[PDB]
Every structure is written in C-alpha cells, then in structure tokens.
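Single chain ahead, by itself, as structure tokens, in the form deposited in one PDB entry.
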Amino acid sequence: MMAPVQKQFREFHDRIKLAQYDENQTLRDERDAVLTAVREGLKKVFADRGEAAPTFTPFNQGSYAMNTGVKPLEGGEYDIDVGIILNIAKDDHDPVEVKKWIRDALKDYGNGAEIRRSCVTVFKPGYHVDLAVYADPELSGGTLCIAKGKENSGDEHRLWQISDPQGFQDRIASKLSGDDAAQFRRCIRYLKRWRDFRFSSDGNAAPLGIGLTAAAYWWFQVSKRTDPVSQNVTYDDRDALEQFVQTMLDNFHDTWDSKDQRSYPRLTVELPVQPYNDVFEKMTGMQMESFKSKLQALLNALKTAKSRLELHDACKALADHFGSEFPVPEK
C-alpha cells in the first residue's frame, strides 16, 4: 500500500505552531510592553498639547488571537496583532492624526513606530507589533471603525472604516469544533509555512496570511474516516489540503485588465464580516498569476505524496513546498 503521511504532517505541525496569546506568556508580555509604552508616551504627548491624554481599551487580534499562528523561518519576524479602541469620536479627528498620537507615544520605544495604512507598527528584535487603531463606538454613533490612511494619503484615502474584528475572530473559532477545528487550524498553519517558504519576505505575500484564513473559512472541509464498527476516527491532513487547494484553484477567475490589455487569474476572497472587502485585493495581477501557479504546483505535490511506495519519496515531494522543517525520513 502507498505510504501514508499523516504522522509526518502532525510532526510538521508540532514544529511550526506558535502558541496563541492565552497560552503564550512571552507574547502576552511583549504585547503588554507595547501597550504600557503607549500609555506612558501618550501622557507625554498630550501634556504637550494642553489636553488630557485619551484612554484606550486593547483587544487581541490576528493569528495569535485565533490560534492560527506559526513560527517564522530563520530571519523572519513574529507578528503581534492588537486593537486599541481610543475614547474618541471618529467625526472629530483625522485617522492619520490619531495614529500620529500613537506613533509619537512610541517614539523612543524599541526601533521606533511607523504609521502604516491600517495600523501603527512598532519594530523590536525578531518581531513587530501591529496596533490597529479604532474610535470609540459609543462616541462615534454606535459603529466600530478603524483608522485608515498614512501620512502619504490624500483626503480620498483617510477614513474611519467600519470593522468587525471580533465577529471575524468568532467566525474562525466557531466554524468547526473539537478535532475537526484542530484540523482546520493545522491546515491554515501548513499553508502559512508554505507562504513563508515559497513567497518572498517582502509584502507581496503579505495578504496571504489573512487571505488563506478567510479562504479556509469559506472552503475548507474536514477529511477524516470513521470506522463503521469501532467508530474510531482518523484524520487525513494531506487529503484535506488537496481538497482545499483544489477548491481555491477552482475559484480563480480570469479577469481582464484594460490598462495592460490582458487577463490575469484572480482569486477574490470576501471577508465574512464587515467591511466584506476582498482580502486579496492588493495583490497585483502578475502576483495572482504566480500565486495560482504555485498553488497548482503544491496541489500536484499533494497528489504525488498520495501515491509513493516509499515514505521518503512522499515526504520529499511535500518538503519541496513546505520547506526543510517538513520531516523527510531516510530511505
């Protein structure tokens, strides 16, 4: 019979997983260090304006909130995502200015902050902290809005955009339960490691993380077998990946670009909560074309790894796409 690869996938998962905030004191302390720095820095920033400093409530975001986090490859960075809800009315402030408050509060913290379009990012050895900045729903008419725009942006691109990070997190947590949900999370992690191994450490692959998470929300399906007599359950991560990758490939659509006078294959993945935006929208057509090609190569490898006699060969085919922490037994 063909060599199975489930034990190797579970070993691979053990190597790449990074514990979520609730189980990771190091991440909680690094998060809280950035949060304490912003409180102190705001004291100083606003004593300088004759105004009382604003208060904020933080909340966990991203993969370390959703338990979909992976360890970076050597040289890569961890990504601590957090939301802060300032006690301010959105109609009374420009979003970029509010993010300036936060950046200035984190001037002399670590490697200094940086105002990015959707967050303030502070850099420290081996990780960065992505602070998404929101206005208070109570003071802003009932809705939760994130500060969009950077110092580069014109008036068209400075806005307070409706956002539902807790509804998104709830949907990821609630789609499945128990060991079904564990396999869902494993497969998200496997594809994040594939991202880090086969796409560059620049931001062209920056939307892959959230994109693959939202893709899995729409399209992942469990693969397990239940013995009709013993009721014993075994999971098949290789097959779950094969079905999911094939479904992603099925949803690419050839999309004409009038500027370039050609089509590019594009995968649109809507966020399942507000603002329902295509989380892959920033990827260029040429990057989409490369993404599709690499997903197809991954799919071909997943199929090859089903049909090898030797476990070494099945695992080698997988490690060509998942990298050198995918275990490959000797022949």
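If you superpose the two forms and keep the largest set of C-alpha atoms that fall within 1.5 Å, you have the rigid core. Residue numbers count along the first chain shown, from 1. Compared with the form deposited in another entry:
- With the core fitted between the two forms, just one of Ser118, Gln221, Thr255, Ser201 shows a Cα displacement of at least 2 Å, namely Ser201.
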Given for the second form:
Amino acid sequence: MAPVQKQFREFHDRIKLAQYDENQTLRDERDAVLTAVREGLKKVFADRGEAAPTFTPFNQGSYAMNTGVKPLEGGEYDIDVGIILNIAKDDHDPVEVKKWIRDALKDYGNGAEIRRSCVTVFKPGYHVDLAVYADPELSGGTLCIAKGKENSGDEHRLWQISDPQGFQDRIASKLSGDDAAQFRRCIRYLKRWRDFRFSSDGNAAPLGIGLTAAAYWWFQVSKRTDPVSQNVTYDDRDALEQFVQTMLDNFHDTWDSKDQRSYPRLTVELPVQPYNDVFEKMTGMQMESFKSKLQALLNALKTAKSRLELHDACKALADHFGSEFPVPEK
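Based on the form deposited in one PDB entry presented above, generate the structure block for the form deposited in another entry.
One chain, no partners, no other molecules: that is all that follows.
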C-alpha cells in the first residue's frame, strides 16, 4: 500500500455523498421542488388564459456525476436539476421565463431567487438550483439556458447554448472502473479542501464545476501493479500531488489595467458548450489567494510522502482537509 492510502480511502468514505440514483433523500427533496413548480405554474398561467407549459426534468451537477460531498456543519446540500420547458426560446425573455419558475415557488420553503444561471429555492440545510432551458425541438435544435437577472441589461439577458448532459458524459467517460473511482475521489478531496479553507469568503471559493473541469483536463491516475500477484494498489496522495502541481503550472500572471498590476489566474474552459472559463467570476485577489492555498496544499502532499511517522504525515494533510482527515495517534 502507498503511503497514507488507508487514510485517504477512509477520508473519502467520510466525505462522500451517495449520488441521486443511490440516494432516496436527495431524490425526494428534488421531486418535492419539481412538484411545487408544476403546481405553482398552474397559478402563474391562470391569468394568461392557457395551460402552464410542461417541462422535462433531468439530474445535473455533482449528485448526477457521483462527485458529491457531504457539507461541513452549517453548510448546505446543493441539489442541481435541469428543467426543459416545452417553449420556443424566440417567443420568450429568459428572465421572463425564470420569473414563471420563481413565482411558481414563491410560497415553497424560505422562498426562491433568480440567479444569473438558475432559479434557487431554499430549504433548511439544502438549496435546489433549477437551470431553466427552452425546448430544443422548438428552438432550432439547440438546448439553451435562461441567463440574466431581473436587474440585468438586455445584453446580459440571453438564451445561451448549454450542454449539461455532454459535460456529465465527459466526466463519466474520461476513465473507467477503479481509475474513474480515483478521479472521483480526488474531485471530492478538493471539494472538502475548498469547504474547509474557503469558509471566510464564500465568493472566493473555487466552484465545484471548476474543480471538476480542472480534473477533466489534468487529472492522471496513480497506481502500481505488484510484479508477483499483479494486485493493483492506488496512490491517491501521489495522484493529488501531480494534479495540484499541474493546476499550479497552469496559473498565468495576467495584467489588470484598472489596478495596474498582475494577478495569477487559472483559466479552466468547459470542454462542452458554452466553453466558458468557469473561474471567470473569481477576482484577481481571490485568484492570488487560491494559488497560495493550492501551493500550501501541494507542499503538505509532498510533506506526507517524507514524514515517515504516519501521525506526522496525516496531521500535515488534516491541516488542509480538516477534522475528518484521519490522524493516527503516535
């Protein structure tokens, strides 16, 4: 066994959250919101003189991709779902259409908010992010998401080409079997690191989709095949070291004319439509802090290879992964 592998696998077992297909609670919470939308849409379309448009829901996000983590105490579950409205995008304003969904959910939980890229509804200990799409078959064969806020300019409210099922396929398909299992474990490790070390400043935290897209570009398996048994062992500490170092290598000093200084920026393009940099909203100063903390994590991963005393190696890692990283007693 690779150094600290037992402790990484135990850490994974503590942080992992069962995916939608294995998680009745999440399916029930998802479905309760989809039912509230269907009921709520009846009221909204009561004064329009026609039936509410129908929609086709689909699972999105980490709970669809088997990369979900449990929140830390006081954190929330992030239930991501897509709804494809039986509407032509050319007939409707994208913020108009998100208002249907917001109004439908007005009285559900702690209420609902139009965000740039979804309508979010709040419950105790979880939120549900509904991504709202027009029907491809009515919208020129394209799947487009409703972008813009109520307080957005005409240029910022748009139906944007989006490929959530292609992204989910690219994550599922990069690797297979226990190689793909290591890939998903390493995405989860970085999400717990994110939640433990980016808790001061929420909006500074690297988005889950960005960490996932970074792993899609740059993750490499680390494993060994025993020359006698051909038994395979994985080295999650090494896989994370190489991945973290590769991320650090892709930061680029980027001049900002407004501030008259450079900030180190990591660009991570989605590998499907709309091919945007998913880290674009992070400020330069937040990027600088992200790089510094990633470098500190790299240095701890290297320390965990050298310590020899298992307690010391694991303590170095728990300083970046938090209190659920197992630290054996010396």
